[PDB]
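Colleague: Residue strings, one per chain:
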Amino acid sequence: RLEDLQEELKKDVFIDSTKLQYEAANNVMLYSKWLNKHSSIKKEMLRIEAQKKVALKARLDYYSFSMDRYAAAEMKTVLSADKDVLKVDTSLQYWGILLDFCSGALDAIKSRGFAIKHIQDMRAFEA
Amino acid sequence: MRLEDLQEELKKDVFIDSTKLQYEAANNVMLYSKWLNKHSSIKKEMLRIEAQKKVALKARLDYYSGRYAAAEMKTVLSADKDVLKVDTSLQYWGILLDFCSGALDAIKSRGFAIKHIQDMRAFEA
Amino acid sequence: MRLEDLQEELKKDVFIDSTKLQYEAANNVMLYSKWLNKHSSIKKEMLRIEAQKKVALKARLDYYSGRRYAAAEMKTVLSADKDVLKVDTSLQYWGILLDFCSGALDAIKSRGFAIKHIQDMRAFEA
Amino acid sequence: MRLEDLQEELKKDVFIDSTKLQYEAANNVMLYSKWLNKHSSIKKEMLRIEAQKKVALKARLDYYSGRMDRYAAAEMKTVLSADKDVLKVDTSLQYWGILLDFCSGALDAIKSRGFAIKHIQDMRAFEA
Amino acid sequence: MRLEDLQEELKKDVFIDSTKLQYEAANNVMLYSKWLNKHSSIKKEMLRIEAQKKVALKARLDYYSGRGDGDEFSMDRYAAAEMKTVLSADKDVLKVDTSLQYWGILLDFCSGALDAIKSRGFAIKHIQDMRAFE
Amino acid sequence: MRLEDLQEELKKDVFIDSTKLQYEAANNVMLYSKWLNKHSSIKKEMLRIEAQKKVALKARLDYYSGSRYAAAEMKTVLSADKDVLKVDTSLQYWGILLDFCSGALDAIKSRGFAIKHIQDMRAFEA
Amino acid sequence: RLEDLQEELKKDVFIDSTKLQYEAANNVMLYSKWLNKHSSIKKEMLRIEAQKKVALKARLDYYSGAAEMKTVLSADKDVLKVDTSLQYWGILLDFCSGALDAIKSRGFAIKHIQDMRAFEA
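Residue numbers (the working numbering), protein chains in the order written: chain A, 1 to 127; chain B, 1 to 125; chain C, 1 to 126; chain D, 1 to 128; chain E, 1 to 134; chain F, 1 to 126; chain G, 1 to 121.
Wrong hints could be hidden among the right ones.
Negatives, chain F to chain G, calculated, CB over 10 Å [what the hints assert, rightly or not]: (1) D5; (2) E8; (3) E9; (4) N28; (5) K58; (6) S65; (7) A70; (8) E73; (9) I96; (10) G112.
Straight line, CA to CA, 20 Å or less: simulated EDC-like cross-link-like pairs of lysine to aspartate or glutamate [said to hold, decoys possible]: (11) A:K117 with C:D120; (12) D:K77 with D:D62; (13) D:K34 with E:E9; (14) D:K111 with E:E50; (15) E:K53 with D:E50; (16) F:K109 with E:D115; (17) E:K53 with F:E45; (18) E:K118 with D:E24; (19) F:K20 with G:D115.
Estimated spans, in silico, between C-beta atoms of each pair [as the list claims (entries may be wrong)]: (20) F:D83 with G:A50: 31 to 37 Å; (21) A:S103 with D:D101: 30 to 36 Å; (22) F:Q92 with A:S103: 33 to 39 Å; (23) E:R77 with A:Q93: 44 to 50 Å.
It is worth saying that the hints were derived from the structure and are not from the lab.
Each residue gets a CB set at the ideal place from its N, CA and C atoms; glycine is no exception.
Isolated chain A, as found in the complex:
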């Protein structure tokens, strides 16, 4: 669910100032974590994307004598590759939204790491 990722990133970006020191190392770990999410979403999408391509050919074959005789009307009833591919594709757009969220997450962590260094510096400035 997207909301759960929103809540997760939200929780993650907050900084504990005394372990501002701890947080610097931990900052790189968030990057890793979200990178992993990123790749897995892409991986999933690729598989589903692959599936859609095959479904299209099958439906294409359906829709467009001498040679075997396949019953066109039962082909139509049984195959429903339109309904099914389209359904799965709707799902795929959902994942596209997730992937866009993960991109936002990495931009966020990179700049959080900078903000962290900045605050450390403004403190050193107060000194």
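Chain A is already provided as a structure; the job is to place chains B, C, D, E, F and G on it using the hints.
Modeller: Chains B, C, D, E, F and G in isolation, oriented as in the chain A frame:
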């Protein structure tokens, strides 16, 4: 190669030993090297498979052209079993390569984080 | 040249001799030079091969144009051409080498920074 | 000019005389100038050749456009790319482009050699 | 202005008189100014020429499009991609563009120059410190 | 405003009175303010003029879309438009002033550093 | 108003040498003051920027009933007004960035002058 295994490897790599910050700085540059090497080898493989794919594409094009609508050829072939398989492979490596690019970004910023932490320590002094 | 051998060379190069952190600092700039030279020479080679490819392409265009391929297919088929595929494969390979060398130069520049950082942590230890 | 000779020149230039770390520091800025000068002049040459190429392209375009052999226009783009006179001039231009990229690298190199120099000076200050 | 002459000027400028390391430090900032001034004036000129170039391009487009350039007309009918090529070949346009690009080269040289003066200033401080070390 | 006059003013500003190295340090920060002020006001003006230009562009676009201007070429012809060319020339000119002022702020910051360095050479002769 | 920020910074950067001591502490307070200005300005611009996106979408609809769509919409009086505002705040923000740079280095100049005093001793 498996993407999950690269994920776990990067995971291991990004961890920082606070007591060995100096070591980690040098090893950080070594990590940069390691992932750069992974990167180049993955792209190399993908390039080879890409050549194979260009050939599969030509062969299937021949099949479909009768050597059926001209326009449908693009769709069907894009969907061609053999082509779909080789293309799937190629795209998979493309995903690995993108992961390695992310990895190099990660190591570069880990190196910066390292400098930052050193600074917060000298500040504590 | 082999990409793997450049990988091993860079691998060797990035290793740091801590007592000759001092030596390495000067030696670090020399590494930059070495890889920059490699870098340029690779592009140079690729440019020559690229020129050859352009001629091959014209020949294949002639081949395909009949001087029964479809014009869009002309693009596809020619891209698939054995000879063109071979020369292009080579050219792209060199492109990979070039990208590796770009990575190498980034690597040495930051190794130089890491070196200064370590020097500083030492003076801190003092 | 030859690329390898620039490679050797940069090679010689980047070497550091540690006692004349002091001399080298001043000389370091002079190196920047020298390569900067090389840099602008190569681009200048390339610019002239680039103009020539554009004219050659039009000329070859005319040849190819029928204004000997009859090439389809998208294919005209391909064939003209094959243009021996054009190919020669472009190849040349790109060669200078290679030189230019090398000089950009060189200036980056001198900038950081200057930093390395300060670093070494600091390790010297460290032995104290 | 000539690029080679700017090369010689910068060459002269970057040289350091060590006893007047003191003089040079102040003079170093003055050099920045001098080249900054050069810099801006060069860009200014190029901008004027750039405006001129834009007009030439429209005129040549008309020429090439069969729309005429004064009492002169291009009996040729150019394809738009070819329009791009042919106009790129435009002798008058090529001349003005060549000029403009030349000034662009001068400008890039001046940017390098300002970088140079900035780092000469740094080298100066560093050297002062190495002097104090002895 | 004229660019040359800014060149002369900056020229005057960057000069250092060594005995009032003390005075100059404080005045150096005041210079920053002055040029920062110049800087912001110039961009503000250019922004207003930029708005005017955007309107001019639309007007000329209308003119050109039906003035017989070709649809693909519109960018070129308009780029050459008398009114547009005038307003754009102005705007770019102010852009030149802005870039000069940025250089100026860089200059004052480093003049401040040079000042600290010289003070140090004085503590140094002792 | 930008001019008023110019006058405020102008007042801020002037240095009282005897209260070089006072000024050092007051210097950090200035940093704070302008940092707060800075953040609040970005926040406002961000809010206005959101509004602009909606205005843009509305105007896009208007215009769609494509490249010229981009040109004309850029010319979009309502969009032009909101963008003008947004850019204005961007100018203020850049000014405040300059201001923070100014206070940081004024702080350095103060330490330096303190040192020349230490020099006569």
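Colleague: Now, for every hint given, state plainly whether the structure supports it.
Modeller: Okay, the hints, checked on the actual structure:
Listed as a non-interface residue, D5 (chain F) keeps its Cβ farther than 10 Å from every Cβ of chain G; the least gap is roughly 20 Å. Interface exclusion of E8 (chain F) from chain G stands, the closest Cβ pair being 22 Å apart, more than 10 Å. Non-interface status of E9 (chain F) relative to chain G is upheld: no Cβ of that chain comes within 10 Å, the nearest being about 17 Å off. The Cβ of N28 (chain F) sits about 7 Å from the closest Cβ of chain G, inside the 10 Å cut-off, so the non-interface label is violated.
Interface exclusion of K58 (chain F) from chain G breaks down, the closest Cβ pair being 3 Å apart, not more than 10 Å. In this structure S65 (chain F) is not separated from chain G by more than 10 Å, as the shortest Cβ-Cβ distance comes to only about 7 Å. At the 10 Å boundary, the C-beta of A70 (chain F) stays outside the reach of chain G, the nearest C-beta of that chain being 13 Å off. Distance check on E73 (chain F): its Cβ is at least 12 Å (rounded) from any Cβ of chain G, clearing the 10 Å threshold; non-interface status holds.
With a cut of 10 Å on Cβ distances, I96 (chain F) stays outside the contact zone with chain G, its closest approach being about 18 Å. Listed as a non-interface residue, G112 (chain F) fails to keep its Cβ farther than 10 Å from every Cβ of chain G; the least gap is roughly 6 Å. As the CA atoms of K117 (chain A) and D120 (chain C) are separated by approximately 18 Å, the hinted pair is consistent with the 20 Å bound. Between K77 (chain D) and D62 (chain D) the alpha-carbon distance is near 12 Å, which keeps this suggested pair within the 20 Å criterion.
Proposed proximity of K34 (chain D) and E9 (chain E) is supported: the alpha carbons are some 12 Å apart, at most 20 Å. Restraint check for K111 (chain D) and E50 (chain E): the C-alpha separation of about 33 Å exceeds 20 Å, so the hint is violated. A C-alpha spacing of about 18 Å is found between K53 (chain E) and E50 (chain D), which places the hinted pair at or below 20 Å, so the restraint holds. Taking the CA atoms of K109 (chain F) and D115 (chain E), the gap is about 14 Å. The hint holds against a cut of 20 Å.
Only pairs whose Cα atoms come within 20 Å are accepted, and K53 (chain E) paired with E45 (chain F) is rejected, the gap being roughly 26 Å. For a cut-off of 20 Å, the pair hint linking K118 (chain E) to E24 (chain D) stands: about 17 Å separates their Cα positions. Taking the CA atoms of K20 (chain F) and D115 (chain G), the gap is about 15 Å. The hint holds against a cut of 20 Å. Between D83 (chain F) and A50 (chain G) the CB atoms are about 34 Å apart, so this pair conforms to the stated range of 31 to 37 Å.
Hint check: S103 (chain A) to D101 (chain D), Cβ distance near 31 Å, so the stated range 30 to 36 Å holds. Look at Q92 (chain F) against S103 (chain A): about 36 Å separates their beta carbons, and that is inside 33 to 39 Å. A C-beta distance of roughly 47 Å is found between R77 (chain E) and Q93 (chain A), which places it inside the suggested range of 44 to 50 Å.
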